[PDB]
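Given as structure tokens, the chain that follows is alone and in the form solved without the partner chain.
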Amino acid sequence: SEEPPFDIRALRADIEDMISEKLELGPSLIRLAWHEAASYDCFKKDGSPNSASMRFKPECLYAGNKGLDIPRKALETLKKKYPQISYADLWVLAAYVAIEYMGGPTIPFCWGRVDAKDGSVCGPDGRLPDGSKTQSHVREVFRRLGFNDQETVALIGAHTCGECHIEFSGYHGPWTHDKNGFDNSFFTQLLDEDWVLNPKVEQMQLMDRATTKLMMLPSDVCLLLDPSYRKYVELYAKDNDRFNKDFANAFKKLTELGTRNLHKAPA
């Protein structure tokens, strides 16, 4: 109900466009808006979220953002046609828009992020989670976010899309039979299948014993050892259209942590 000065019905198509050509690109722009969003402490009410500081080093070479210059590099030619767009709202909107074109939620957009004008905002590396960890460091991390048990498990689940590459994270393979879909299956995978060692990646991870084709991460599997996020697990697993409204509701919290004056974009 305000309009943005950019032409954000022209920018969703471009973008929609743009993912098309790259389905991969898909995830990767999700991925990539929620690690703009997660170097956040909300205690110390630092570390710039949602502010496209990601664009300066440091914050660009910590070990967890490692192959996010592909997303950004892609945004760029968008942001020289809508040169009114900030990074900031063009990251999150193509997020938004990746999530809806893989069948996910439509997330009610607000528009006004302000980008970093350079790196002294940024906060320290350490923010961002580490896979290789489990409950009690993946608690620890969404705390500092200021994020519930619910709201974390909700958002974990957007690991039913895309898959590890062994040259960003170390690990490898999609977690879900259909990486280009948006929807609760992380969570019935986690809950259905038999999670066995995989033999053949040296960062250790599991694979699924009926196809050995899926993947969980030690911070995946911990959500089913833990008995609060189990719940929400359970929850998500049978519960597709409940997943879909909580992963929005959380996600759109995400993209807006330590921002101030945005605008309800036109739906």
Second form
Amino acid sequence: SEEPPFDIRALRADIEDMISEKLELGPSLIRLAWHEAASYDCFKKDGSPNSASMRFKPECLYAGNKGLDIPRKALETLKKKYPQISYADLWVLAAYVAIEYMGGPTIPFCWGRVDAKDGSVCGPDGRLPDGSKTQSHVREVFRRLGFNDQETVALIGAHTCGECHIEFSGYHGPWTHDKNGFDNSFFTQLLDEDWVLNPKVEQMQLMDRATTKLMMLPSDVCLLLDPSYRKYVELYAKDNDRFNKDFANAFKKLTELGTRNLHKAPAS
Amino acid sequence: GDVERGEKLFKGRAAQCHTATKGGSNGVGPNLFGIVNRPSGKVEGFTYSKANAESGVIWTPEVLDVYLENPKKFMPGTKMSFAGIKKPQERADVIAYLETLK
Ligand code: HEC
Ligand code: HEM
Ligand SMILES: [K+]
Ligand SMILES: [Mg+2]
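Having seen the form solved without the partner chain, please provide the structure of the form deposited with the partner chain bound.
All chains and molecules follow, beginning with the one already shown.
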């Protein structure tokens, strides 16, 4: 392990404190770090992942990134208190803290990401996944990022926490009844409920017939329709410890795409 | 624990499944009014799992502390889909709020 130029112990505690004041920030921080890495294309070698390039235009205005100004402004206060950390490292660490804080795995944090200087390094639009589409589109996007099906299904499992907002995606509501908790409940929900058409939302989404309080996107239910993805949905619904380990490995790989010679940070 | 922080944690972590008012409605989970120091699986009107119904645990503050850290590890077969409260301070706060429900 190597000590960073910022006080990581005090920073990790201040992120947990910020999340305790507004628990809905936890999932938002995870989505911020995921979309900062999702611009990547392993075939074209561009997009500038894990460089905090979403702070500038045009990437900040892409449809897929609507609402992500909230976790960005929440973390600007921590950037002032800890000026030695880069914005790119801060977004990744904030996602790792939120995952552990909500009961998920402890992901070992590597530091050293260099921030983007301006919007000229940004990738084009159309890189972020669309909730209205199914397995052909989902596999195309994750293959472009360099993930196999096992890793794709583990990563979409982050929908265990958070919710959809009409103003950001046009969809509405949470995927599970513990929206501020991180575990394999997205997969048990996906298999155990009868997902019926929700007639109260204009953008097509399904609801659980048991309570009508949960939702699934077409991109979520495509994991059951595809023969390969269904087998991983079944694996994770049955084993939470396996889900935590496979999510930790895939989320770490995601947040280290396009990075070079990072440093292992100390634990706790 | 702190009752104020406990109520806010309960709103943010338990409200989708549990009600806290006296004579409150049963939903995904049972009504938890008066649950501190009660035997498990006895809230009126709720249909428990096989594990929680036949369980021998009593919900004292020390037992609630272990359960809330990892429900499926403490009571295998439970249908409570909760990730758990990993930090002791938050568990203690939530348990202090449950103690005020008569
Ligand atoms: C839905 C995803 C839940 C959330 C979030 C929480 N709880 Fe829960 N709880 C839930 C169920 C379905 C059940 C019944 C489980 C069974 O196996 O039959 C419970 C039960 C409890 C109990 C025991 C009640 C009894 O024996 O009568 C307690 C003490 C309890 N739950 C506490 C609790 C707390 C403190 C929570 C947030 C911190 C919480 N639950 C969330 C479902 C869900
Ligand atoms: C198939 C690919 C995916 C699609 C189509 C998709 C789609 C969506 C949509 C439409 C929302 C709602 C946004 C809003 O209205 O606020 C959302 C939220 C979210 N997604 Fe995804 N997602 C995908 C993959 C992922 C992955 C891989 C992760 C994480 C590793 C993730 C984490 C989240 C989180 C945490 C939220 C909630 C944010 C909040 O509560 O504010 N998503 N996703
Ligand atoms: K959850
Ligand atoms: Mg980027």
